[PDB]
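Every protein chain except one is present and positioned as in the full complex.
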Amino acid sequence: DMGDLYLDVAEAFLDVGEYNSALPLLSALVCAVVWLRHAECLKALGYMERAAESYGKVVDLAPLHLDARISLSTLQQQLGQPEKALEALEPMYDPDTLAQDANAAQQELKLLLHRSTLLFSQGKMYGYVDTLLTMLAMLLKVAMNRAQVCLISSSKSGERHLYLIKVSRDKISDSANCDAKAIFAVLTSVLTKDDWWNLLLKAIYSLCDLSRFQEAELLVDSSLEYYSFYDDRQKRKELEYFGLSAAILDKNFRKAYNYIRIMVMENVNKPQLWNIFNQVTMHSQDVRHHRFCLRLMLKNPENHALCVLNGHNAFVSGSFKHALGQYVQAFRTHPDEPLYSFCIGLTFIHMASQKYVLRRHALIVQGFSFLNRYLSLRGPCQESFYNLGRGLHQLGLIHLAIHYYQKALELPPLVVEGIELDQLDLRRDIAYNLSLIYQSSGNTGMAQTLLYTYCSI
Amino acid sequence: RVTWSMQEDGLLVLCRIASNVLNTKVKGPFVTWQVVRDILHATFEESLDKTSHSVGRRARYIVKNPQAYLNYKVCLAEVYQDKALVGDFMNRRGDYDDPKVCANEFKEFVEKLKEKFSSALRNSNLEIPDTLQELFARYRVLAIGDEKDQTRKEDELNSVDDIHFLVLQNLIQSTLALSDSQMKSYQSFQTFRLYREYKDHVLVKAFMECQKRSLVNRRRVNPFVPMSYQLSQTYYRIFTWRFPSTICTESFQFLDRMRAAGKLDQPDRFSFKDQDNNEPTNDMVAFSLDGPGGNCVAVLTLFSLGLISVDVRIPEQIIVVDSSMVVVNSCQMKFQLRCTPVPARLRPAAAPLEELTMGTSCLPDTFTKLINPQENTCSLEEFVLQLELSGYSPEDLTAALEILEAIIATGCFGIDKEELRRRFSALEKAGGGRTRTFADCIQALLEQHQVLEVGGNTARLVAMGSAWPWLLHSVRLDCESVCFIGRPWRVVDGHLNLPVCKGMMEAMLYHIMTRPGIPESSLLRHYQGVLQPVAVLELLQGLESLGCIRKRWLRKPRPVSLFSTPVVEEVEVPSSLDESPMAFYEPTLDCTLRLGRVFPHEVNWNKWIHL
Amino acid sequence: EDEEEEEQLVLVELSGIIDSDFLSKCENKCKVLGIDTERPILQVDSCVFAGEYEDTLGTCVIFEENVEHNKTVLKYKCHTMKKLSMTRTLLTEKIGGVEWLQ
Partner (left out) sequence: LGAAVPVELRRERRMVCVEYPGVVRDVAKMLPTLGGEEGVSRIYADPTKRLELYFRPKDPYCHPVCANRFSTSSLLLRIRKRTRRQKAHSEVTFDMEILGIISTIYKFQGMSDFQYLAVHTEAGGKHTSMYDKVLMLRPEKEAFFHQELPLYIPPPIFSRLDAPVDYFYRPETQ
């Protein structure tokens, strides 16, 4: 029909570098590809809003045309934001119908990618995460379920949005007709695996910056369950680092330990591992490191970090006798360290604390001389004079503790940046331990003075 | 696992009360916690959760809360208030001690006790009146107050009998510590000459007070008299704070031993027995491991002042089996005084430790003064002239005379210090043509000894011309007359203090060492039986002039009733027109060194402490 | 004419009473008198308590039990600087003031 000839004439306009005559030409036909020729002529012309309106009729006439679907929304985004630009990014394809709609899942993944950029550029962070999670679910659900992780939606955020959850094995627990590899083949036609890695990165980042660190950890564990990245040990290490970072920052210290234990055992001497491993095992209730620290110390008897750290475990177990030798042997290697001169001078005070009395003075002066080397190494500080106060409080020597605390109140906080002044400030703890001294001494008024002025917070 | 709860806790507290009462029958009247545990199971079958061991600790965990501890004490008092619930338990002289009767009587007593203390109220039926006035008009209303409920201390009663009594209370103790050598060196007749100045009534009163509180034990030898009694084991229990007396003087003995090495700037060093080839020419004092406990506190304090340096020589083997998975070789150390204090240590707000005098002469005149009212011209004119040759304006002269007039008017009684300060609070400010403050004016009258701080139950000032009954009159050894304030640590002859009694002052430091920050009204009342309470302040006055003790004050808190909010502050006692009465005390950083230097390490008075 | 609200949250704590369930049961009579005086009186199931006001040394922070559909949880509810320390009284029809035996 004439529409074919007029479309050829419409192409003949572009063969002379013209677009605007498509508008009369279409107006002679209508009373689709002709609306697309008209819409894209309007896009080559300045009439971007009329192009979008014409693309509206295209999408109304041909909603399956992915390029029109994208073009309408992207032009609406170009015309403004927020201006209902995410409309006409509806896939309208059904998860039961994937026996054929797996082909349409190519469009769905492409649409979700585009939609994700509109959400991200708008700042609808939760909706952006929803597109990322749905895409990653389509990619990786065959491991999330093996991680016993599933996807749900709820209004708990104030609107119906998606979240990851663990599922109980009583409900759900840890490739027919080649469907999984067909899904893999069609979806890898959109995104190469490095973009699946980029999706992993983007999702983890967005989950972290949304403070949904718990769900990032669930995604990480599911991604570690994804063998086809877990087999790339560089990716695995990077996932482990994210998994550790999330499990630290959500305070799931039990889950954090399971990661940091692996990294340390592979790199027995890097300091910025041991610095983190210590605090994870400090906040976690799990005792499991005690046997682990024996195994690694027997593995690496020279290792200074373990030599002190194994001392911490025995000292925490109350076996001050065997603990001390591991601090002192550490101190032989790094004598100008306040912590090791502290931990030894503190250990002899634990020993002197016990019910036995034998030569107890010799243990105390061996205790307090090593604390003087701590103080001398550390310099005059709130920390330095407090800790000798508490050390002399533990032994009940409160005729000396009282002056170590008063000195620490008269001395201003450790200024260095990174944490706010009232959080470096020990004024509270030392006013409290004085308030315990004063309360125990029957002086409520002086205890009250301290809590009113120093402990107002 | 075990989970205790309010129900079993309450019954256990009753079993604790029953245990406390039945401890008066048999020491450890329970056969084992089983007897309680049976009552627990019999009352609460869920006590199958709980072991007999858990009972033995739970009976000691709960008492950690003062409110629950007070709840125990009040209910125990409400038991002890009525003999009828205990008499048949306590009065039995037969069946006194066997496990079956002890078990049976314990259960029976607790079963009876559960009739007095019960989950539903004894009497929910009572009529109770409409308001406080109606309440007291109808009912006598009574409750258990705390054993600490008291008012502040106050001036004692008006009689010369009270003046005699409040000196005699410690003249007796000035005998009780004397050895036979003192009883010979100041002979029996010479102390009888002293005691016969005081009436038998107040003597019986003072001895009864001492005897009633078990402060006195009968002497064995082969009115009160020196041969009659001595400081009881419990009297020493008053002063025998857990710190053994020897520490402080042993801690000076360490310091004085240390001066044998002189002084040096050598930093501390920590070194291997593996490096015996490296030595500081061995010029350091070796520490006596398991030396007397003063060797421990001396190093602890000298570290804190930054005034000592140490060679801690430790081998490569503190641990004999160190290679094992799972014997302490305690290790030698050597010391030397520093030349100069380490930077920024706890500078003691006091004279340098080397500057001190290391002798008994350091004790203030308070402990050695002799008073002599005849030492100066009787006429006020001499003291007016002394103030006229001082900087005093005539406004200060009449102000001083205005202050003096009140004190001389009371005769043998004295104006208490706080009464005087209120009455002449207008003289505080030194304005209005004054040049002197009230405190300077009264201090001048005291220092020019028109006045004496004769004390009593609280600080009172009296005219020097009439202070006599507040002072002991005695003689030095043929003899010469002397007069002094009576104190337990002063010699009956008045000529001297007793250095062996100053274990009282060593104990006083150990008191404030055990309870640093103790408020004065609790410290002074603690000695309520033993020490005439002003004498507690003079020991505190002493230790502060030695530098061992620091006084501090708070301004008195306004009552917390009726939507008030506490005026909670420290103060520096600036004023009388507004008060600052709550003084409290702290030890100073070096009190053991500052005290020990004063006293020779002679054998302590404490030997009676053996059971 | 004029009316105004003034308030304070006095925490009351009771003593001289053991193995009790009074607070669960006593509501049948529950009365307070002299509340603004120095020694207010509490009548409770016709038990009678007397005491003095005291400052809390710390702030006493009071939380309410709450339930999730069951599991117990807490919510913050109050804080108070001020507290009332109480002792069970004894009565006999006979005068002024509660006698406290030291």
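Residue numbering begins at 1 within each chain, and the chains themselves are lettered A, B and C in the order written.
Just so we're on the same page, a contact is a pair of C-beta atoms (placed from the backbone, for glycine too) under 8 Å apart; a residue touches a chain by one contact, two chains touch by 3 or more.
Enquirer: Which of these, A:233, A:283 or A:299, touches the one chain of the complex that we don't see?
Expert: Final answer for the missing-chain contact: A:283.
Enquirer: For the chain that's not shown, point to the residue among B:36, B:62 or B:530 touching it.
Expert: That would be B:62, which touches the missing chain.
Enquirer: Which of B:241, B:392 or B:585 touches the chain that is not shown?
Expert: The single option touching the absent chain is B:241.
Enquirer: Which of A:109, A:144 or A:305 sits in contact with the chain that's absent?
Expert: Looking across A:109, A:144 or A:305, the contact with the absent chain belongs to A:305.
Enquirer: Spell out, residue by residue, where the missing chain touches chain A.
Expert: Residues of chain A in touch with the missing chain: 205, 208-209, 213, 216, 241-242, 244-246, 248-249, 263, 267, 270-276, 278-279, 281-283, 304-305, 308-309, 312, 315-316, 318, 336, 338-339, 342-343, 346, 350, 352-353, 356-358, 360-361, 377-379, 383, 386-387, 390-391, 393-398, 414, 416-420, 423-426, 428-429, 432-433, 435-436, 451-452, 455-457.
Enquirer: Please identify, in ascending order, the residues of chain B that touch the omitted chain?
Expert: 1, 3-6, 9-10, 61-62, 64-65, 67-68, 130-133, 241-244, 247, 290, 293-294, 296-297, 510, 514, 563
Enquirer: Residue by residue, what part of chain C touches the chain that was omitted?
Expert: Residues touching the hidden chain, for chain C, are 1-15, 17, 20, 22-24, 26-27, 30-37, 43, 56-66, 72-81, 84.
The definition used in the following text is that only the chains that are shown with their structure count from here on.
Enquirer: As a quick test, compute the distance in whole Å between the mean CA positions of chain A and chain C.
Expert: 48
Enquirer: Using the average of all C-alpha atoms in each chain as its centre, how far is it in Å between chain B and chain C?
Expert: That pair's centroid distance is 36 Å.
Enquirer: What residues in chain B touch two or more of the other chains?
Expert: Touching at least two other chains: 566.
Enquirer: Which residues belonging to chain A are in contact with no fewer than two other chains?
Expert: Chain A, residues with two or more chain partners: 448.
Enquirer: Please give the residue numbers of chain C that touch chain B in the complex, ascending.
Expert: For chain C paired with chain B, touching residues are 6, 8, 13, 15-22, 25-26, 28-29, 33-34, 36-38, 41, 43, 45-48, 50, 52-55, 81-82, 85, 87-102.
Enquirer: Over in the complex, which chain C residues touch chain A? Could you list them?
Expert: These residues of chain C touch chain A: 55, 57-58.
Enquirer: What residues on chain B touch chain C, complex-wise?
Expert: 7, 10-11, 13-14, 67, 70-72, 74-75, 77-78, 114, 117-121, 123-126, 128, 130-132, 135-147, 149-150, 559-563, 565-566
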